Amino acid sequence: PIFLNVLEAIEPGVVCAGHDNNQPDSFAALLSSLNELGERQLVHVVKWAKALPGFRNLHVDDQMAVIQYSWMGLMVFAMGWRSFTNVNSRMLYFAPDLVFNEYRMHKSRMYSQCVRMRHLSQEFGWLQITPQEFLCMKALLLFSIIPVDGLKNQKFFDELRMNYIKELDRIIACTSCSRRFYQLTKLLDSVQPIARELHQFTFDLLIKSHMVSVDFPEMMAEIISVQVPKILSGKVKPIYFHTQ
């Protein structure tokens, strides 16, 4: 299981958000902590991504692009898994110090997006997703959203995506296998609409931000203003397995 060996070896460890759980919840404090967490996890997503089998085959502009287009989906999927494994989807386990109960879901003003993420989390149990299936699906997710006009070196991306699909089929193979690939790819497809809803909410927040006054950091202001609108405007779109 060379491939699975590597995926387990590069998998990032726990990441905390830095949230003050001793203060009462507010919209501003929750979103500041999600921004901080989002930025800390992005660092781990880059380290992880650069270590993936064949990732260096990609043109370096495409390496950078692909991480920024898929990072929200990656985080959503990974958070859903943590939620499932740590608290049986009872709450959303963003980080060990940032666990969302329904009240925080409501307070964050992202209730509809949280309910969908909690549903994603429950499917990990309904489908009895293995940790090894989890690792392969998450890797495939990195290669599942691209510009409609193509990447700098599209052929190398194509063959890379192909190999990750082949390895996912492998640990399903290792009929039954038929129904399973179907179910897992439906689950993967469902990640993308949730990431877009998070993007739309947060884009709107950045723009109005002057009014709802919330300090957008660093890398976040850049990614939401430079890359995220490509996705919201349809210039960058998910690669779906199934027709939506």
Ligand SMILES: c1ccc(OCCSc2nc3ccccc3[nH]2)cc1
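In this text, rigid core is short for the largest set of C-alphas that superpose within 1.5 Å between two forms. Numbering follows the first chain given and starts at 1. What changes on going to the form solved in complex with the ligand:
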Second form
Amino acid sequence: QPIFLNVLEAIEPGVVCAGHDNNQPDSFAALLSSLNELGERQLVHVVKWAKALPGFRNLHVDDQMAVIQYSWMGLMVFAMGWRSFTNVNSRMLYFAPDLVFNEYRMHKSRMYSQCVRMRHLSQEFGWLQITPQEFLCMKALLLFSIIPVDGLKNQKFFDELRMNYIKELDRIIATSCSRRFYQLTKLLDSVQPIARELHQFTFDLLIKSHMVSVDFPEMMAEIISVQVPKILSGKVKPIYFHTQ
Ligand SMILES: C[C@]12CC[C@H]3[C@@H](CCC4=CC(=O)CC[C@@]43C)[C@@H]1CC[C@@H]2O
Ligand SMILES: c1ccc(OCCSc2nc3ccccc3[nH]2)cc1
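Return the form solved in complex with the ligand of this protein as a structure block, the form deposited without the ligand having already been given.
Next comes the full complex, and the chain you just saw is listed first.
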């Protein structure tokens, strides 16, 4: 019975620091390069985490890289909102212990409205009173929530895995159980429009980066110019539970 949860809680990654120098005055270039660095850092964890998920290693290996590459934004954002919820009560954006966005940093990052949506996301955990177990299952399901419209190499395996994760979440929930399931499914869905705003933003930023003194690490640069445009151009689409 508690085997699946045991794994989720066991493999949950720990604190990742951004490397940000809070002594330097908040500037758009500084704030954004630190996010990029954080992103690159958190990426390593996401890989090791994902490969340690129950059933994940039996996806086709190409599909293993692909789904990680399409879903990191949504994963990292959903986690951050959780950190923000548990650490600063959704009042600020707790990207890392060494990189917390107050109101001022939200403005300086030129990402204000996105940050507002992300804060809203964070406030939801409070609103819905999400248990940590619910959070871990939802976060794992997020990794199977976005795919090419033309299918993966072994779609069959993907579909079975995804179904198992959905039934895992149901179990963790269980009128009361019906309403509840609807809520987390709508909450999970709400992650995708936010991920997309961030995909749009980071892509525009990459294009004009040499122009605005904002550095991108190798893996971020690679992914944002090869994988993210597939999402933007509509070759990769998220899987929503409810019709938008
Ligand atoms: C993509 C990004 C750098 C990586 C950030 C991302 C915002 C969302 C986010 C939350 C995290 O906790 C990890 C870093 C990431 C993934 C940043 C938005 C603009 C910047 O380029
Ligand atoms: C191929 C496809 C999926 C696979 O597992 C998906 C993990 S879901 C799951 N939840 C469980 C809960 C209890 C016991 C076993 C469980 N398996 C394994 C091989």
